[PDB]
Structures are given as C-alpha cells and as structure tokens.
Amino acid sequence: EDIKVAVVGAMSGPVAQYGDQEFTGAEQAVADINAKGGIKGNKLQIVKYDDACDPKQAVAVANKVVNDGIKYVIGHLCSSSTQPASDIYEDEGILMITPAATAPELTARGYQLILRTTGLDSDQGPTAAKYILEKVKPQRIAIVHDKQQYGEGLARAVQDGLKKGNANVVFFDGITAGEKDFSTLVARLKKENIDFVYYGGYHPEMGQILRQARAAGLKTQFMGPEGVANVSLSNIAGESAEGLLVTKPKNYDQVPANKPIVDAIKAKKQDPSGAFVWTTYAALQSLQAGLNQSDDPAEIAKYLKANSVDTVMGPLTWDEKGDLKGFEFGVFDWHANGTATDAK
C-alpha cells in the first residue's frame, strides 16, 4: 500500500514563496516516481504540513508528524524552524531530509537521521566574501541582517571573511524581520556614504530595503544569499532589484536533461525556476533510493551516506553528518525579471 512522506515548509506567512517552490518540486517528483511504479509497486503519497517558517509552529508540526505515524520528512525549510524540529525527529526515530536549511549547526550536533539536499552557509558566506574582495572591491561596506540564525549567521561569516581581507566594514547591525520602515537604515547608508551592503536574510526585508534605498537616490550595490534570490524579491522591489548580487544554487532548471520536468511543471502553470523546486525534487529522489533498500529511518540514512544517488541536481554524496559533499553556491546577477545570470 501507500507510503506516506511528510513535506513540511512555509505554506503560509511572509516567506510562503519558499513553501511554494518546495511543494511544486515535491509534487512533480512524486508524480514522476509513481508513474514509474512507485517503490516496488508501492505508491508514494505526500502529506503537506505548514510550519510557516515559524519556530514554534515547526515544533508543533514535528510533534504532529510523529503522532500521525509518518517516518520520513522532506523538509522544513528555514534554519531556525528546521533545527528545533530535527531535535524531535532525532529523538523519535524520524528521518528528516531538508532541501533548504543551510545553517551549519543543524548538522554539527551528532544527529544520525538528518540530511540535506542543499549546501552550508559555512560555504555560502565565504563565497560571498571572496567575490566581494576579488570582483566587487567596494570602499565602504555595511553588513545588515535580520537577527535570525540563517541571516545573522551569514552576516557574521561575511564580516569575518571581509575583515580577514582588510575590507572597510563601516557598520554591522541587525533589523527586525517584519519591518517595513527602513528609513533610519537608508539615512545611515546615505550619511556614511556606503557603496556596498551585504544583507543576510530573506526576501521580504531585502525587497523593502532595495525599494527605499533606490527611492532615496542611493547608488549602493547590494548583495544577499539564496533566501533573497526568488521571484517574490522581484515582485516586491520591482526595478530596484536589477543589479542585485546573489549567491545561490546552480540553475538546475537549465540543465538539458531536466527539461521534461520543467515542461511538466510549466504545463501545470507552476513556476519551475526556484532553486527549492530542484533541491526538493532531489530530496524525494534520495528518499526513493533509500526506500528501495529499507523502510527503517536509520538504515535509509546509513544507505545514503554510503552511496551516491543520481538526481536532478546531478549525483549527490553525503558525509557522515548528512551534508552534501562538494556542493557549491554560485554568484549571480538578479534581475527585476525574476531571473539570474552568472556574475562576471
């Protein structure tokens, strides 16, 4: 009979866009897998859970998944939501594969049932720093973040890499997620003649910062991580998004072999351009490879760590703590278009 797989992410709230990408990828992977026969004739079925990328709700969802008897979780997306949920999953023998959480701490605590189909900010942060030091070469930098594990973690990593390269960081400070009035920020950037800003956070905040900065006549060059590289950023900022530098996973939707998946998704009037469509599809493929060997969570995790799995992201390989080996974030130019081109 049917095999239940929880797909957990932000299906509502300020960053619902992340959940949209996730579900789109999950839905297509499950349809593709079941069309080919499922797991030895057994069909896979997705059970959608909304954690709104809110830590307290992610904890409620984790407990509900356990109580619903589901043993495999594709998900949770935000780092600060994924980590407390992983504590429950590890304690309850539930396999958890996140297609989007990037904070290093998630996998630095000895957990055996946690894996990822995305990279680490201990790689994403230095990639940004290096690019700024080698290609951008700005004169007066400011680093802003939203005080959350993800954003503040990247902000600190970039600050450390810039300090190490003798860059002039004029200020480092956080703002509150949810904030829409960035007038004092814009004024400080203007007053202190800041030509470059790295923002560690998500698209709702980045979008407003960009609009207001441009409305105030600022020519400052901004840069942000993959949490900012999506169509919702472009919809919020409009023309203020052109010029934005971002670090993000490769454009898997442009890999020729993936075209059928792209066409199938477009065919449903869904967006196949978001990175989490692909990291999530890949997570389902990883779960598929393991379910073909065993239905036990620890055996699946052990199997995946000992064997590569071919996916829409290419062949994935994991280390003993559950991280992808050799994953790389690229640096791109984002456009009001909602598209990304490799930065020079």
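Please give the corresponding structure for the form solved without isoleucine, as opposed to the form deposited with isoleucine bound shown earlier.
Shown next is a single chain and nothing more.
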C-alpha cells in the first residue's frame, strides 16, 4: 500500500536548475528504496509540486499538500518559500524535511516538525577550528575579518573554538572591505610572528592580503570560508594562492560507496554532481529510517532527533530545533590553477 511523499521545489522559473537537482535525487532515492522492498513492503510514491520559489505559490502548495492528505514533505527549496510553508505544515502536523533551505530563522521559532539535511554557513566555523587544532596545530594565530556579518560571525566562531582548545590566538582584528592596501596588517603579522591566519570575508580582500603577505616574505598559512574560494582569486593572486585552506561542501558524488547512485543517475542522462542531489537523497533516507519506526510525523521527528541515521552524506544527527548537529564542511587546498583538492 503506497506511502505518499510530497517533493516540493522550483520546477520552473529562475531557480529551476536547482530544483532539477532536488527531483533527480528524490527520484533516485525512491527508486532505490522501492527496489529493495520499500518500507515493510509498502512502496514510496512521489507527488511533485512546483512552488517556483515564490512565497505566494508556496502557501498554495502547502494548503494543497494538506488537502491531498500527505503527511511527509521533502522541501521546499528556497528559504523564502520554505518559511511560510513551514507555518502551515507545523500547524497541520505535517513533517517537513528541507534539503536546501539555509536561513537560520527557519528553525529558530520553536517548531517541532522541521528538520534539515543541509548544513548551514555557520557550520564552517567549527569545521575550521577543528581542522586547525587537529591537523595544522599552528603556534601563533591571528584572526582577521571584514566587519561584515558573514566574515565576522565566522571569525568569532573560529575564535571560540580555538580558545576552547587552548590555542594561541595572538590577535583578533577587523579590516574594511573595499580597501586595497594592507601594509599595516602585513607589518603586524611579521612583527608579531604570526604563523597562521584565519580570514573571515570574501575573495577581493583575501587576494590582496595574499599577494602582499607573500611579497613581504611571510611564510604564514592562510585559511578562509567558502566566500574566499573563487577562480578569479587565482587569476589575481596567482602563485600566492597556492596552499590556501578553504572550507566548502564535500563532494559526495566522489565517495566510493556512492558510486552505484552516481552510475544510476548517469545512465538516465542526468547530472549526479549537483549538491542538492545528495542532500535530497539523504532526506529520503532519513524519512525511511523514521517510517520504519512509526507513520506518525510527530513520532518520526522525535525518533530522528534522538538517533543517528547513515546516509550518502555519512551519519547524520539532529539537534532539538531541527538542524544538523556536528555537521562538517570539507577542507580543501586551493591551487594557483583555480583548482581545489582535498586537504590533509
């Protein structure tokens, strides 16, 4: 007897390319789960809805899902359309697992039926701190940011993580985004014998800092968030970009264990590289783990929050508000040719 699952995303409009990734992953996941016997013999059945990443269309879709009698939703795709839909799902007692919405506010309202299978920007902080403490182990660290929300929040998380591990953070300072001269900062890194710098910001400033630091003979190791990882940085900084550590999403299509999925999707002439293919496939594996325990949304949420589930993204665990906990981004070495490779 079929268990219906609504998969909601952008099937049309500006964001359709990302919705394609979502549907590709959900389809393959359901095909795999069913081919092995479904859930206690019951097969999963996908019902697709297009919200076009539009807040108004998202509400029409959420009310329809309710009318159709569906109890589990994999979606939505954009944070702007997912939030208003989540009010309806929570009110009606419908489980919602988003594989892509990253706005923190989604899980900051006390809702019990919302979960995510996508990491949040903030997870790059703990990922960096852990890699520094465990693999790099520098002597004198400086943390620098551009005073903007993104860079600064990330710089502070790294600082908290490093202090916790008793690391030696010599200084924490901010620079102005848009400035092109960092002579004073470079002078300070040499003067204070800084061997590792974490920079919270974007590529324009990072490219300037890197060139200037290298020109002045510094052997300092640099590291930054995904915002620093751009090909134009390699063109501008050139060889000074070689060896730069960057945090960004892991490449799940490259994990050996996932090869059969990658092959199955290629066979259908589809693209297995998209990030949302994997976060979506993992969302279905999570709902599967829950369905083996109960059919009641409220109980599945409770079960997921208390347990770990093995997925194509590795073992996932959730905190009480529905966010992935202990989630790790990948750490890569940037290269002069714009390439990025898995770091030690």
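Positions refer to the first chain, counted from 1. Under this definition, the rigid core comprises the largest set of C-alpha atoms superposing within 1.5 Å between the forms.
Quiz item: Are residue 331 and residue 173 on a single rigid part, or not, between the two forms?
Solution: Considering the two-part motion between the two forms, residue 331 moves together with residue 173, as both sit in one rigid block.
Self-check item: Interdomain rotation angle between the two forms - two rigid parts, degrees
Solution: Rotation between the two rigid parts between the two forms amounts to 58 degrees.
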